[PDB]
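One protein chain is absent from this view; the other protein chains keep their places.
Naming follows writing order (A and B), and every chain is counted from residue 1.
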Amino acid sequence: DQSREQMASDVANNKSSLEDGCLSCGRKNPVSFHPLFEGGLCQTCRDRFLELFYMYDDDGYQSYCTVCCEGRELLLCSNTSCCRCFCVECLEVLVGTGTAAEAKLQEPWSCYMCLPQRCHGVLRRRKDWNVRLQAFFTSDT
Amino acid sequence: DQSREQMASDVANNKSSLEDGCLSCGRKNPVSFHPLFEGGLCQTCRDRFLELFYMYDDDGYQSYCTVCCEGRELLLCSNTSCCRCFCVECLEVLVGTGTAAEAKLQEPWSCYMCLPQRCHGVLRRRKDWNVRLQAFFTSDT
Partner (left out) sequence: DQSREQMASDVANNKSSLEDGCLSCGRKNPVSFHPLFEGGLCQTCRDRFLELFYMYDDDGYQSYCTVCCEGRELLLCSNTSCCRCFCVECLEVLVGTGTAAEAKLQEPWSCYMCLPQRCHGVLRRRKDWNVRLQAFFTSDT
C-alpha cells in the first residue's frame, strides 16, 4: 500500500499526478477528489468527512483536519472567518519536515486556505476550489 | 421545555451560550449548529430544512424562514441577489419586540444576511458563515 511519504516524493518528482493518489491516506487510484487541495480522495477518506459526529469543538474551531479528517494534534487557523484546522502529519508529509513545529510557534497562524501563496511543498490549494466544492456537494454518489 | 424568549433573555445576560440552545425552536443541548447565525440546531429543526418541498414561491423568494424554516408571516429581502426570508416570530424573539413592524416600514428592507452590521439583539450572523455552510453541506448524518 502506497504510503503518504512515497506519494509526496513521486508527486514532487513528476512520477505521479496528485489526482491519482488519495491526499488523505496515500492510496493509489482514488474514486473522487479533495475539493480544496490538489489530490484525489478515496471512498473511505471521503466518508470520514460525511460521517463526522461534532464538526466543531466548544471554542468554534473545526474538530477535524481539512486534508485527512484526523482530530488529534490540530493547528487552529486564527482567522475568525475560517476556523479550519490542519494536523501535524499533513504539514510534515505534504509541506515538509519541521513545518508543524514552525507553525505551532507562529502567533498568529494562518492556515493554507487563508495564505495568499497557493502552494507549499505538494500542498497546492486548487485554483478552482470554490467550483470544486460546488461539484463535491452536487453529487449524491 | 425552554421557550425561545427564555433562551434569548439568558443569552443577552450571559447566563447561556447561543450554541447550547436551538436558534429555531429554543430547545436545550441541540446536536448541531445553525450554519448562518450563532446558535445550535436540533435534529428535528435541521430535518425541516433538508425535507422542504418547494424552496421558492412563484415570485422567486424563498418559501421558508432562514432561522426556523416556517412559511408563515415571512419578510422578504429586497436584494435581488439574496431573496432570503425571515419570519415575524424570529424577528420579535431574537432581535426584539417591534422589529417586525419596524422592518415592514423600511424603504426597502435588507435581511440579516445582507446588512453590514453582523448582530441585532441575539441574532448574530456567524463571522465564519461560509465555512460553516460548507461544513453543514459536507455532513451526511
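By definition in this document, contacts are C-beta pairs under 8 Å (C-beta built on N, C-alpha and C of every residue); 3 or more make two chains touch, one makes a residue touch a chain.
Q: Looking at B:31, B:83 or B:103, which makes contact with the chain not pictured?
A: B:83
Q: Check each of B:12, B:52 or B:119 against the chain that is not shown and name the one that touches it.
A: Counting the whole complex, the residue in contact with the absent chain is B:52.
Q: Which subunit B residues touch the hidden chain?
A: Within subunit B, the residues that touch the unshown chain are 49-53, 55-56, 60, 62, 80-84, 133, 137.
Q: Go through subunit A and note every residue touching the omitted chain.
A: The list for subunit A reads 19, 33, 127-128, 130-131, 134-141.
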